[PDB]
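Novice: Residues per chain, in single letters:
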Amino acid sequence: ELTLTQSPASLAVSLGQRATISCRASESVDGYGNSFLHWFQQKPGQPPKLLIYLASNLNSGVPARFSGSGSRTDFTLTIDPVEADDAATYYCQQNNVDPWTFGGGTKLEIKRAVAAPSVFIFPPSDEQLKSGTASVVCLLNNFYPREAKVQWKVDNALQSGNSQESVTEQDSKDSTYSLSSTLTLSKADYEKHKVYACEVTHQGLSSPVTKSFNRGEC
Amino acid sequence: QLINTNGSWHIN
Amino acid sequence: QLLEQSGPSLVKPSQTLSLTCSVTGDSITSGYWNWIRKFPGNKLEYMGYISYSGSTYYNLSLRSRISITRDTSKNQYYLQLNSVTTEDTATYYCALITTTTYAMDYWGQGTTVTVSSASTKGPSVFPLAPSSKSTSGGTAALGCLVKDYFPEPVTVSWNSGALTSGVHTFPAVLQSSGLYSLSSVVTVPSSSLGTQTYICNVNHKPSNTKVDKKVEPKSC
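Residue numbers (the entry's author numbering), protein chains in the order written: chain D, 1 to 27, 27A to 27D, 28 to 214; chain B, 412 to 423; chain C, 2 to 82, 82A to 82C, 83 to 100, 100A to 100B, 101 to 216.
This is chain D alone, in the form it adopts within the complex:
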């Protein structure tokens, strides 16, 4: 029944600026002079980590840049100043009203200078070619902002329906993203052709970059 509503769903804040995340309960989570609302931070591959307990108390080992305020139904987490290491999702949790719940989360993104990706390409290995399948891999390293476009070309012919991609979460140090895209062809197809290329469009690039290699050539 009881709902915790976080706002906003995603927030973009520059380094050294202030970030504010809100959590609103439909009913009071107070009791005995305390507000039973807590703030957690979660990064990929990790458990949630307690930041603020009881609305306004700083957990030990958590920097003073984090602060909590509010009561009853209205609560606020504040990061000031925000650092690169603060890229994560933030959750509120209440544990005094059945049923216990979490907020839906607020992703915090660090705003930084625009950076063009470094584009790299990897031919399939011979070992894998033995299996009758070829994975060609295009890497876009350390770029900002996230929005990037990658199209595959085989002998200058545009590809579709035969590639997949994924993007990392923001880097905890340089606040960039990286992307990996994989073109999967059969061995026969891969050997029928010569030029394998990855074409990249990004805000940091004046013109689309075409990073390529030729089968059999250095």
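Quick caveat, the hints were computed from the structure, so don't treat them as lab data.
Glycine is no exception: its CB is placed at the ideal position from the N, C-alpha and C atoms.
Treat the hints loosely; a few may be bogus.
Said to hold, decoys possible - Below, in silico cross-link-like pairs of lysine to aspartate or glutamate (EDC-like), each with a Cα-Cα straight-line distance of 16 Å or less: (1) C:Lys-210 with D:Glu-123; (2) C:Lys-129 with D:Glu-195; (3) C:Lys-129 with D:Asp-185; (4) D:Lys-107 with D:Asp-81; (5) D:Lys-169 with D:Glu-79; (6) C:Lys-210 with D:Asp-122; (7) D:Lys-126 with D:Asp-185; (8) D:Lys-183 with D:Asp-122; (9) D:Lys-103 with D:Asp-167; (10) C:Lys-214 with D:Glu-213; (11) C:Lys-214 with D:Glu-123; (12) D:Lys-190 with D:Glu-213; (13) C:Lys-44 with C:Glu-85; (14) D:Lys-45 with C:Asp-101; (15) D:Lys-188 with D:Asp-151; (16) D:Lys-103 with D:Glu-79; (17) C:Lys-214 with D:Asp-122; (18) C:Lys-201 with C:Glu-5; (19) D:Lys-183 with D:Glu-195; (20) D:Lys-39 with D:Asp-94; (21) D:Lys-149 with D:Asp-81; (22) C:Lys-39 with C:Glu-148; (23) C:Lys-75 with C:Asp-27; (24) D:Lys-126 with D:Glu-187.
Stated by the list, open to error - Over the 12 Å line for every Cβ pair with chain C, so calculated as not near, a few chain D residues: (25) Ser-22; (26) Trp-35; (27) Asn-53; (28) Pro-77; (29) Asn-92; (30) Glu-195; (31) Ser-202.
Using the hints provided, position chains B and C relative to the given structure of chain D.
Specialist: Then chains B and C, alone, in the frame of chain D:
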């Protein structure tokens, strides 16, 4: 030193 | 103080999920011992606790098919979830609430649980070799392609964990075969390629598989 019962905390 | 997690990473539909949390440090006859789960993107749901006294509290949505038990001599507690479906696919965390914070202040690393009838399969690991098509400046990128495994997850380290700077391990993609595929890369000085050894360590617990692949430069 609060204790919890069926979701709710309280003294004693 | 350590909450270690154990249990199956793969469960068949309509069957029972059993997880274990082993605590080292202080006794479970103190505090509240909880299970929480995180859905594939990326919602958190509180599941429930067994208290120091052995009393249990359950989330009303789960009251029907959940059971949390404990063993004080082994200092462990367990989670049982019946009639499991594809909507129970999540990461399962165990966590403690003390009276110092009255919040969930200590957690376990979690157990990735997939609900499926498909059987597990270890990954094939192929190098992503550094070459003049992956260098820029004094910087060369290299990697590993971890292809065709099931289910999630896989974890990759470089040089047994010694090499962390510049490492990007990408989220896996689900292929049309139903097998996962994942890449992991790292940028290093290009002058070092001839004298420095780079090895990816790929861990796939679900299939009890660990693979070390040494990646070497591509020279024609």
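Novice: It remains to establish, for every hint, whether it holds in the given structure.
Specialist: Evaluated hints:
The hinted pair formed by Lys-210 (chain C) and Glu-123 (chain D) meets the criterion: a straight-line CA distance of about 13 Å does not exceed 16 Å. Straight-line distance between C-alpha atoms of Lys-129 (chain C) and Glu-195 (chain D) comes to about 14 Å, which keeps the hinted pair within the 16 Å bound. With a C-alpha separation of about 21 Å, the suggested pair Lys-129 (chain C) and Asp-185 (chain D) falls outside the 16 Å cut-off, and the hint is violated. As the CA atoms of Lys-107 (chain D) and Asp-81 (chain D) are separated by approximately 13 Å, the hinted pair is consistent with the 16 Å bound.
Proposed proximity of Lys-169 (chain D) and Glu-79 (chain D) is supported: the alpha carbons are some 9 Å apart, at most 16 Å. For a cut-off of 16 Å, the pair hint linking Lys-210 (chain C) to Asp-122 (chain D) stands: about 15 Å separates their Cα positions. Restraint check for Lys-126 (chain D) and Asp-185 (chain D): satisfied, since their Cα atoms lie roughly 14 Å apart, inside the 16 Å limit. Distance hint between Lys-183 (chain D) and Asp-122 (chain D) is fulfilled; the C-alpha atoms sit about 10 Å from each other, no more than 16 Å.
Between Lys-103 (chain D) and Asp-167 (chain D) the CA atoms are separated by roughly 14 Å; this keeps the pair inside 16 Å, and the hint holds. For a cut-off of 16 Å, the pair hint linking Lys-214 (chain C) to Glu-213 (chain D) stands: about 11 Å separates their Cα positions. With a C-alpha separation of about 14 Å, the suggested pairing of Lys-214 (chain C) with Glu-123 (chain D) holds against the 16 Å cut-off. With a C-alpha separation of about 9 Å, the suggested pair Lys-190 (chain D) and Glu-213 (chain D) falls inside the 16 Å cut-off, and the hint holds.
Between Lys-44 (chain C) and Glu-85 (chain C) the alpha-carbon distance is near 12 Å, which keeps this suggested pair within the 16 Å criterion. Distance restraint check for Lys-45 (chain D) and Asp-101 (chain C): the Cα-Cα separation of roughly 7 Å lies within the 16 Å cut-off, and the hinted pair is therefore satisfied. For the given pair, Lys-188 (chain D) sits about 10 Å from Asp-151 (chain D) by alpha-carbon distance, which is consistent with the 16 Å threshold. Simply put, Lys-103 (chain D) and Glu-79 (chain D) have alpha-carbon atoms about 14 Å apart, close enough for the 16 Å limit, and the pair holds.
For the proposed pair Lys-214 (chain C) and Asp-122 (chain D), the alpha carbon gap of about 12 Å is at most 16 Å, so the pair holds. Proposed proximity of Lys-201 (chain C) and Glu-5 (chain C) is supported: the alpha carbons are some 15 Å apart, at most 16 Å. Straight-line distance between C-alpha atoms of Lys-183 (chain D) and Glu-195 (chain D) comes to about 22 Å, which puts the hinted pair past the 16 Å bound. About 27 Å separates the Cα atoms of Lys-39 (chain D) and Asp-94 (chain D), which puts this hinted pair outside 16 Å; it is violated.
Distance restraint check for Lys-149 (chain D) and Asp-81 (chain D): the Cα-Cα separation of roughly 37 Å exceeds the 16 Å cut-off, and the hinted pair is therefore not satisfied. Distance check on the hinted pair: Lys-39 (chain C) and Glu-148 (chain C) sit about 14 Å apart at the alpha-carbon level, within 16 Å; holds. Of the supplied pair hints, the one linking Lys-75 (chain C) and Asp-27 (chain C) holds, its CA atoms being roughly 12 Å apart against a limit of 16 Å. For a cut-off of 16 Å, the pair hint linking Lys-126 (chain D) to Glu-187 (chain D) stands: about 12 Å separates their Cα positions.
Residue placement check: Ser-22 (chain D) keeps its beta carbon more than 12 Å from all beta carbons of chain C (closest about 18 Å). The claim that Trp-35 (chain D) is not at the interface with chain C is violated, since a C-beta of that chain comes within 12 Å of its own (minimum 9 Å). Here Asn-53 (chain D) does not stay apart from chain C, with its beta-carbon only about 7 Å from theirs, under the 12 Å limit. For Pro-77 (chain D), the requirement that its beta carbon stay farther than 12 Å from each beta carbon of chain C is met, with the minimum near 24 Å.
Separation of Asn-92 (chain D) from chain C is inadequate, the least Cβ-Cβ distance of about 9 Å not exceeding the 12 Å criterion. Listed as outside the interface, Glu-195 (chain D) is consistent with that label: its C-beta sits roughly 15 Å from the nearest C-beta of chain C, beyond the 12 Å cut-off. Even its closest Cβ contact with chain C, about 17 Å, leaves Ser-202 (chain D) beyond 12 Å, as expected for a residue assigned away from the interface.
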